[PDB]
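Number of protein chains: 2
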Amino acid sequence: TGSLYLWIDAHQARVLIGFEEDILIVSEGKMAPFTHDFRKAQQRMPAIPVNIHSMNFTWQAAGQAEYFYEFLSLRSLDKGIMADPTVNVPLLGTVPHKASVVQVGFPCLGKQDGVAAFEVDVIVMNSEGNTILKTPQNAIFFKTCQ
Amino acid sequence: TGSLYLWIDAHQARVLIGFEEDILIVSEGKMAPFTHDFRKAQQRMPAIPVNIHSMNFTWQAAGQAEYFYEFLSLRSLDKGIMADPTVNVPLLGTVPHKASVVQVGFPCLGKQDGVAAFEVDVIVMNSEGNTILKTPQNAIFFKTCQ
Ligand SMILES: CCCCCCCCCCCCCCCC(=O)OC[C@H](COP(=O)([O-])OCC[N+](C)(C)C)OC(=O)CCCCCCCCCCCCCCC
Ligand SMILES: CCCCCCCCCCCCCCCC(=O)OC[C@H](COP(=O)([O-])OCC[N+](C)(C)C)OC(=O)CCCCCCCCCCCCCCC
Ligand SMILES: *[C@@H]1O[C@H](CO)[C@@H](O)[C@H](O)[C@H]1NC(C)=O
Ligand SMILES: *[C@@H]1O[C@H](CO)[C@@H](O)[C@H](O)[C@H]1NC(C)=O
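From first to last, the protein sequence lines are chains A and A'. A prime marks a further copy of an entry chain.
Take 33 as the starting number for the first sequence in the entry's author numbering and just add one per residue.
Take 33 as the starting number for the second sequence in the entry's author numbering and just add one per residue.
Treat the hints with care, as some may be off.
Because identical chains cannot be distinguished in the list, a pair is counted as satisfied if it fits within a single copy or across any two copies.
Derived DMTMM-like pairs (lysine to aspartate or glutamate); straight-line CA-CA distance at most 25 angstroms [stated by the list, open to error]:
id : residue 1 : residue 2
1  : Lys62     : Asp116
2  : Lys62     : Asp145
3  : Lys111    : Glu160
4  : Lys72     : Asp145
5  : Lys130    : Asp69
6  : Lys143    : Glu53
7  : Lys130    : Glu160
8  : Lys143    : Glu98
9  : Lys143    : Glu160
10 : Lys111    : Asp54
11 : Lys166    : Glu98
12 : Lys111    : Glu53
13 : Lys72     : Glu98
14 : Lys166    : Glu102
15 : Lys166    : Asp145
16 : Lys143    : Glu60
17 : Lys111    : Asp41
18 : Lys62     : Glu151
19 : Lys130    : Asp110
20 : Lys143    : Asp54
21 : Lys130    : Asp145
22 : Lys72     : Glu160
23 : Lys130    : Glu98
No lab work stands behind these hints: they were computed from the structure.
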């Protein structure tokens, strides 16, 4: 079975949706069932509130197999409202064996007000160079800036 | 300055060309000057002899920076003479900090006789996901099979 995990820790989840419980995105190298019908899932995703400037994701490659991630696109679609989203990790790297936090930042410029559309396109490859996991095609996320 | 190195060790070089001296291919992340005019370099490259079944390449990422390699193509163009070239490393991985040997195998089938054309297309990427080194475009190598 797969060894990859991606989740939002209970504390971060509490700050985001009010419920203090881990939000599983990938478990044992498999996308969580709520993400399969992605367009339906995006409707239950509100625009990231003004109080949140960054979000903590936790990931791990829990076994002996090596996995490589790559951020293909970190792009704001409303550059006048928010600058490009950021990550505190190199764009290309290894998924760590020890569970580690990736901080995704949403840099509202303050020179305007509104909701900024943005992309976080990431892929995970195995040691054969095959893409085994990735941000659903054409996924768009939103950040409320004031 | 760069930290990547790729070379053919003096012992392997002796077996291949008769001269016992390291053959530098990449030094400090830069392609060796003999490879710049690649078509001229390929003329000084004879078809790998019948006595050699595999070749040892030595590589290292000598610094703190992480580098990722990927074998994009390991392909025989004469499948009736030689099967696809092989490597004893995963197709996608990290360039090791400790100098390590990659064994490239040339599996002559023995069901025929002649010279087999083949490709070894490899890329090296930095932590930003940019290709910084790669097999020269359209490079072709040859293996004498009997
Ligand atoms: C560090 C990478 C972050 C890569 C992704 C970075 C995207 C950055 C955008 C952040 C926006 C996320 C929050 C959206 C606003 C919000 O409040 O949404 C809550 C959501 C949906 O969760 P929910 O509303 O709870 O839905 C029900 C699921 N239950 C309840 C059953 C657990 O909570 C979420 O589930 C958020 C999901 C965001 C990710 C969707 C898919 C990404 C898949 C990438 C796969 C490749 C990587 C695999 C790695 C092993
Ligand atoms: C493990 C990867 C092997 C990746 C490449 C695998 C290719 C497999 C094909 C093997 C065929 C190589 C032998 C050809 C037959 C032969 O006898 O050639 C000798 C050659 C040329 O060397 P020379 O004849 O000595 O030329 C003069 C150079 N002086 C003398 C100044 C040092 O000796 C050679 O220099 C061989 C050069 C073969 C490689 C050419 C370019 C590859 C660049 C890849 C860059 C990306 C990777 C960077 C990594 C940090
Ligand atoms: C995000 O992680 C950082 C570093 O561990 C921590 O300082 C911060 O409190 C975390 N945020 C939330 C909302 O849990
Ligand atoms: C290639 O490397 C292997 C493993 O270290 C060794 O057994 C073999 O003798 C080497 N070949 C040459 C020609 O040096």
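For each hint, the structure was consulted:
1. When the C-alpha separation of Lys62 and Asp116 is checked against a cutoff of 25 angstroms, the pair qualifies neither within a copy, at 28 angstroms, nor between copies, at 32 angstroms.
2. With identical chains, the CA atoms of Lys62 and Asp145 are never at most 25 angstroms apart, being 38 angstroms at best within one copy and 48 angstroms at best between copies.
3. Taking CA atoms no more than 25 angstroms apart as the test, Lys111 paired with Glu160 passes between copies only; the shortest distance there is 22 angstroms, against 37 angstroms inside one copy.
4. In this assembly of identical chains, the alpha carbons of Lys72 and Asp145 never lie at most 25 angstroms apart, being 27 angstroms within a copy and 60 angstroms across copies at closest.
5. Neither within a single protomer nor between protomers do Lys130 and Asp69 lie at most 25 angstroms apart by alpha-carbon distance, with minima of 30 angstroms and 45 angstroms respectively.
6. Proximity of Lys143 to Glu53 under the C-alpha cut-off of 25 angstroms is found in neither arrangement, the shortest distances being 35 angstroms within a copy and 62 angstroms between copies.
7. Taking the shortest alpha-carbon separations for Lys130 and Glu160, both the intra-copy value of 22 angstroms and the inter-copy value of 22 angstroms come in at or below 25 angstroms.
8. Neither within a single protomer nor between protomers do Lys143 and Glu98 lie at most 25 angstroms apart by alpha-carbon distance, with minima of 43 angstroms and 37 angstroms respectively.
9. Taking CA atoms no more than 25 angstroms apart as the test, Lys143 paired with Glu160 passes in neither setting, with 46 angstroms inside one copy and 29 angstroms between copies.
10. Taking CA atoms no more than 25 angstroms apart as the test, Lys111 paired with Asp54 passes in neither setting, with 32 angstroms inside one copy and 52 angstroms between copies.
11. In this assembly of identical chains, the alpha carbons of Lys166 and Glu98 lie at most 25 angstroms apart whether taken from the same copy (16 angstroms) or from different copies (22 angstroms).
12. For the identical chains of this complex, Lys111 and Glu53 are neighbours neither inside a copy (33 angstroms) nor across copies (56 angstroms), given an alpha-carbon limit of 25 angstroms.
13. Neither within a single protomer nor between protomers do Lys72 and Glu98 lie at most 25 angstroms apart by alpha-carbon distance, with minima of 32 angstroms and 39 angstroms respectively.
14. Proximity of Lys166 to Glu102 under the C-alpha cut-off of 25 angstroms is found in both arrangements, the shortest distances being 9 angstroms within a copy and 19 angstroms between copies.
15. Within a single copy, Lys166 and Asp145 get their C-alpha atoms no closer than 31 angstroms, and across copies no closer than 46 angstroms, so neither meets the 25 angstroms cut-off.
16. When the C-alpha separation of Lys143 and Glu60 is checked against a cutoff of 25 angstroms, the pair qualifies neither within a copy, at 43 angstroms, nor between copies, at 44 angstroms.
17. With identical chains, the CA atoms of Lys111 and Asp41 are never at most 25 angstroms apart, being 29 angstroms at best within one copy and 52 angstroms at best between copies.
18. Taking identical chains as interchangeable, the C-alpha atoms of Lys62 and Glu151 lie at most 25 angstroms apart only when both belong to the same chain, with a minimum of 21 angstroms there against 34 angstroms between chains.
19. Taking the closest pair of Cα atoms, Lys130 and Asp110 never come within 25 angstroms of each other, the shortest separation being 35 angstroms inside a single copy and 45 angstroms across copies.
20. Taking the shortest alpha-carbon separations for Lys143 and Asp54, neither the intra-copy value of 35 angstroms nor the inter-copy value of 59 angstroms comes in at or below 25 angstroms.
21. For the identical chains of this complex, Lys130 and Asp145 are neighbours neither inside a copy (39 angstroms) nor across copies (52 angstroms), given an alpha-carbon limit of 25 angstroms.
22. Taking the shortest alpha-carbon separations for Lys72 and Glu160, neither the intra-copy value of 33 angstroms nor the inter-copy value of 33 angstroms comes in at or below 25 angstroms.
23. With identical chains, the CA atoms of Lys130 and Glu98 are at most 25 angstroms apart both within one copy (12 angstroms) and between copies (18 angstroms).
In this structure, the earlier hints numbered 1, 2, 4, 5, 6, 8, 9, 10, 12, 13, 15, 16, 17, 19, 20, 21, 22 are contradicted, and the remaining ones agree with it.
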